[PDB]
Amino acid sequence: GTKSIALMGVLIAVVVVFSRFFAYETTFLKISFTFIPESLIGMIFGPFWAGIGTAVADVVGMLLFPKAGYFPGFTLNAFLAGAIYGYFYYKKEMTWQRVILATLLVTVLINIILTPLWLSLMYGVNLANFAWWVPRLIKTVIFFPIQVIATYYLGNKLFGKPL
Amino acid sequence: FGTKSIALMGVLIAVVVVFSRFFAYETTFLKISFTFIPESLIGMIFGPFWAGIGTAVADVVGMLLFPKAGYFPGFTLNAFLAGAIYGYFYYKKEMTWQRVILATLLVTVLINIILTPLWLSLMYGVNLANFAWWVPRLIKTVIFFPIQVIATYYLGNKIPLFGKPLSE
Ligand SMILES: Nc1nc(=O)c2nc(CNc3ccc(C(=O)N[C@@H](CCC(=O)O)C(=O)O)cc3)cnc2[nH]1
Ligand SMILES: Nc1nc(=O)c2nc(CNc3ccc(C(=O)N[C@@H](CCC(=O)O)C(=O)O)cc3)cnc2[nH]1
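Chains as they are written, first to last, in the entry's author numbering: chain A, 7 to 163, 169 to 174; chain B, 6 to 165, 169 to 176.
A portion of the hints provided could be inaccurate.
[Stated by the list, open to error] Quick look at which bits of chain A chain B covers, simulated, 3 or more residues with Cβ under 8 Å:
(1) 28 to 37
(2) 142 to 148
[Stated by the list, open to error] Ranges between beta-carbon positions, derived for each pair:
(3) A:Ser126 / B:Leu120: 20 to 28 Å
(4) B:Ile152 / A:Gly79: 28 to 36 Å
(5) A:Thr33 / B:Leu174: 43 to 51 Å
(6) A:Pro151 / B:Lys98: 16 to 24 Å
What the hints contain is simulated information worked out from the structure, not anything from laboratory work.
The beta carbon of each residue, even a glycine, is placed where N, CA and C say it ideally should be.
This is chain A alone, in the form it adopts within the complex:
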C-alpha cells in the first residue's frame, strides 16, 4: 500500500527528528520525546508494522547520525516500543488504565531492565555502582507522569491506512 507507505515515511522521519535534535543525549542517558510519534505509529499501524516502523526508524537514525556508535540491541528497543504501543493502543480507545499500563510496561521492561543492560553489555560497567542508577531512576520516575499525561492527551486530542 502506497498511502500507507507515505504515511510511514513521514512518521519514520519524525521519530528520527525527535531523536535527532531535541533530545538530552549524554553517554548513559537520553531524554527525548521519541514516545509520541511512536504511539501514533502504534495506533495507526498496529503491532508488527509499528514494530518494524520504529526499528528501521532507529537504523535510519544511526545511518544518518552515527557518531554515537551503533549497538544492535537499541534497535530491538525501538521495535518493542512499536509493538507495545501498537498492541496496547491499536486500537482500543485510550483509557487512563491503559495509557498507564502500556506506559508502565514500556518503562519497566525497556528502560530499567534492558537499556541498562545494553550499555552494561558493551560499555564497561560496574553494574554494582547503584549510584550509576540514580540519574536513571530520577528520570525513570519523573517522566512517567509526563509521558502519561502527554500520551493521554495525544490519544484524545479514523486513523489512516494502517495494517
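With chain A's structure known, arrange chain B with the ligands on it following the hints.
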C-alpha cells in the same frame, strides 16, 4: 513547653500508627504506606525537627504495639527522615507542584530506594541485586509516586485552615 502540641501530636501519632498498621498493603520486602498523608501533615504543622522525632516515635509506639515483624533501627531512621523532609518542604512555605514533587522525590529516592532496601539487605539477608528482585519495588515506586504528589498537594490545598494556620 508544649501544652497542646503534645495532645494533638499524640492524636497525630495515633493516626500514623493506624494508617501504618491497620490500613495499608503489605508483604515481606515491599510496602505502600498511606502514612505520607498524616506524616506530611506533621511536616506542615511542626516544622522539620519535631516532625522528624514525631514520626520516629510514631514508628516506635508503632512497634511497641504490633510486635511481630521484629524491630529494626534503620527503619526508624527512615521514619525520622520522612518526618524531617516533609517538615522542611511544607512548613511555612506554600505547597506548589514544583515542591511537592521535590520532597516526594527525595523521600522516594533517598529512603525508598537508597535506604529501605539496604535494611532489607541486612535483616532478611538478600544483599545482592536481582533483575528482577528489585522490580516489584520499582513498579511500586513508579506507579505510585504520582499518587503522592497528587495526594499531599491536595492535602496542601484542601476540602471542607478554617480556624488557624501553621500554628496549632
Ligand atoms: N542502534 C543504536 N541506535 C542509537 O540511537 C544509539 N544511540 C547511542 C547513544 N547513546 C545512548 C544514550 C542514552 C541511552 C538511553 O539512556 N536510553 C533510554 C531512553 C530514554 C528516553 O528516550 O526518554 C533508554 O531507556 O533506552 C541509550 C544510548 C548508542 N548506541 C545506539 N545504537
Ligand atoms: N524499626 C522498624 N520499623 C518498622 O516499621 C518495621 N516493620 C517491620 C515489618 N516488615 C516490613 C515489611 C516491609 C517493609 C518495607 O518494605 N517498607 C518500605 C516500603 C517500600 C518503600 O520504601 O517504598 C517503606 O517504605 O518503609 C518494612 C518492614 C519489621 N521491622 C520494623 N522495624
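(message) Just to make sure I understand the rule, a stretch counts as covered if three or more of its residues have a C-beta closer than 8 Å to a C-beta of the chain. Does the segment 28 to 37 of chain A meet that for chain B?
(response) Our answer is that it is violated, as 0 residues pass the Cβ test (under 8 Å) against chain B, missing three.
(message) Under 8 Å between beta-carbons, do enough residues of the segment 142 to 148 of chain A, three at least, approach chain B for the coverage claim to hold?
(response) holds (count 5)
(request) Confirm or reject the claim that B:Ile152 and A:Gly79 have a C-beta distance inside 28 to 36 Å. (result) For B:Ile152 and A:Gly79 the Cβ distance comes to about 33 Å; the hint holds.
(message) Quick check: does the Cβ-Cβ distance between A:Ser126 and B:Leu120 fall within 20 to 28 Å?
(response) Given range 20 to 28 Å: holds, Cβ gap about 24 Å.
(message) Between the beta carbons of A:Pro151 and B:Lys98, is the distance compatible with 16 to 24 Å?
(response) Since the Cβ atoms of A:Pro151 and B:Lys98 sit about 22 Å apart, the hinted range of 16 to 24 Å holds.
(message) For the hint 43 to 51 Å, verify it against the beta carbon of A:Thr33 and that of B:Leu174.
(response) holds, 46 Å
In summary, the one numbered hint that this structure violates is 1.
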